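Chemist: With chain S's structure known, arrange chains U, W and A on it following the hints.
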Amino acid sequence: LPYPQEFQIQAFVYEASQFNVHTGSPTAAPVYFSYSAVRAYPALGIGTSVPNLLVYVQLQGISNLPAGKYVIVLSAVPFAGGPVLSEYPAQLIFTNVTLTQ
Amino acid sequence: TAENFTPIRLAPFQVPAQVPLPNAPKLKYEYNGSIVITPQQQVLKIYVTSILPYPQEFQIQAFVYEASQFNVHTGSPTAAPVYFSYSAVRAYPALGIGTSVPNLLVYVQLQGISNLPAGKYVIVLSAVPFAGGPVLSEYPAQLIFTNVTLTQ
Amino acid sequence: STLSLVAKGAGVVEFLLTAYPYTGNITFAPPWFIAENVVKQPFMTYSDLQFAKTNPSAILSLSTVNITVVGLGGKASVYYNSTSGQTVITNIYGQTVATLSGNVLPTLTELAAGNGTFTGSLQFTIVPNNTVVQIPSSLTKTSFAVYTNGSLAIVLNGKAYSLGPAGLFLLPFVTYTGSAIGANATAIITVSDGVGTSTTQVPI
Amino acid sequence: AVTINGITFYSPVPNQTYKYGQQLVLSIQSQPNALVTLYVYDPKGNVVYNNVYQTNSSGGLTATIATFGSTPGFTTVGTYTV
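Residue numbers (the entry's author numbering), protein chains in the order written: chain S, 1295 to 1395; chain U, 1244 to 1395; chain W, 1040 to 1243; chain A, 25 to 106.
Keep in mind the hints are simulated off the structure, nothing from the lab.
Beta carbons: idealized from backbone N, C-alpha and C, even for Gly.
There's no promise every hint is true.
[Unchecked claim] Restraint ranges, calculated between C-beta atoms of paired labels, are given here:
1. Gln1257/U to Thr1135/W: 53 to 59 Å
2. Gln1257/U to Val26/A: 34 to 40 Å
3. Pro1296/S to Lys1269/U: 33 to 39 Å
Next up, chain S with everything else stripped away, as it sits in the complex:
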């Protein structure tokens, strides 16, 4: 279904010891908060863009943050003014991630 406008995959970085890695929830403060304004492609012209995105979720310190067992909560939250998301998942959590810097 079409979404043409801006939303954001809100990136909140954590360790695996700052994350209870079974319940899908943090047990601490972000160790980085940054956002990725995702101007998602319409479904109104499948030909003019495709509504199945790959997003390179952007963060300003996780190529500046060091190697180690990280966990990131990626939240689909609208940059408000944009249509609805998520008839569910509303998030994707990587719970065994490994940064390398």
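Modeler: Coordinates of chains U, W and A only, in the frame set by chain S:
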């Protein structure tokens, strides 16, 4: 070969990448017009074209820069440590031939600056393979908007 | 004296907005659902109580004095009240918002002799009411000023009646910092930059 | 060599070790008429060396950038991010 190969170029939304204007060098291309943004956040509304099925995805690199810091004698901004970002461009992850998207409207993202200044801006962009990818370009990839204004 | 009553289920609630969407293009509709805290049973206060109070059940008739439509907050109802003789329609504000002469909703009645089960089928559009919700300049630095998500609005015979905020009903909605966000709103985005402050607006 | 983003990084490459009076080199395969505004971010988050260098009309460049050890803010330990 040309089953997959795929030239890919950047051009404005003011003038399509469907066909770009002959003010573009192959070795440069400062667009002599403007990005006209939507001012919600500064968003380089453009087109990109991928022709043939493209099996990997790629990038539309992007960096916000002061116009007080600009060298107009070679088309290269001269400074401004501010914010940088880039877009994913998906067509499809096609398993060979038969899955292509001809026109891709890409509204390039920069956002996450909010403690560093704004002003009258210049922004360089470029159709950018994924890390020395497949062979793009009959040009221009390189898009330097001489007129941008930043909003945080 | 009050005697034996067979009562079991009752009506059926619909969970799509049907027969007139309010989509910006009318052709197209997304998957509306009225929010499903519906505690269940379109409340079945018999027309023929005196019959109830004697004989156990047969084919039994109802003042359709309610149809439960509970959501996140409040409730709304579209109920054929067989003691006024007309379609009483109420909303989450609380009030009777329309009152439509004679039979123009069908009567709920029992489907068998010995039963307690009744039907339900409802048709909606959206007519919005709006209400600003402020969001900080400590996040993206673009202060969002966001109008309330749409407002549910029943239709009978092609005529529309406000059932109230669709951010206390229509799912999926979303929240950014507790701001109801979904169809037929607007955010005035007060874009505060090193240039100053502009103010654009984005329709939802 | 690694072709970071289409421009062929020949130098810097991620992980380079330097000593007293040793040189940072800039050689990258650019598209012509390119500048590189080159920022040596020190471990206190500051550009102790900003300088603007010019690539040549071919695609290439071999430039000497910054002489580390021979200038103040490089005379003692620690990690930079160019």
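Chemist: Is it true that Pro1296/S and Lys1269/U lie within 33 to 39 Å of each other by Cβ?
Modeler: Distance hint for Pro1296/S, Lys1269/U holds at roughly 36 Å.
Chemist: Range first: 53 to 59 Å. Now tell me if the beta carbons of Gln1257/U and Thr1135/W are that far apart.
Modeler: Between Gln1257/U and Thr1135/W, where Cβ atoms are some 55 Å apart, the hint holds.
Chemist: Check the following: the C-beta atoms of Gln1257/U and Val26/A are separated by a distance inside 34 to 40 Å.
Modeler: Holds - the Cβ-Cβ distance for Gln1257/U and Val26/A, about 35 Å, lies within 34 to 40 Å.
The structure is consistent with each of the numbered hints, conforming to all of them.
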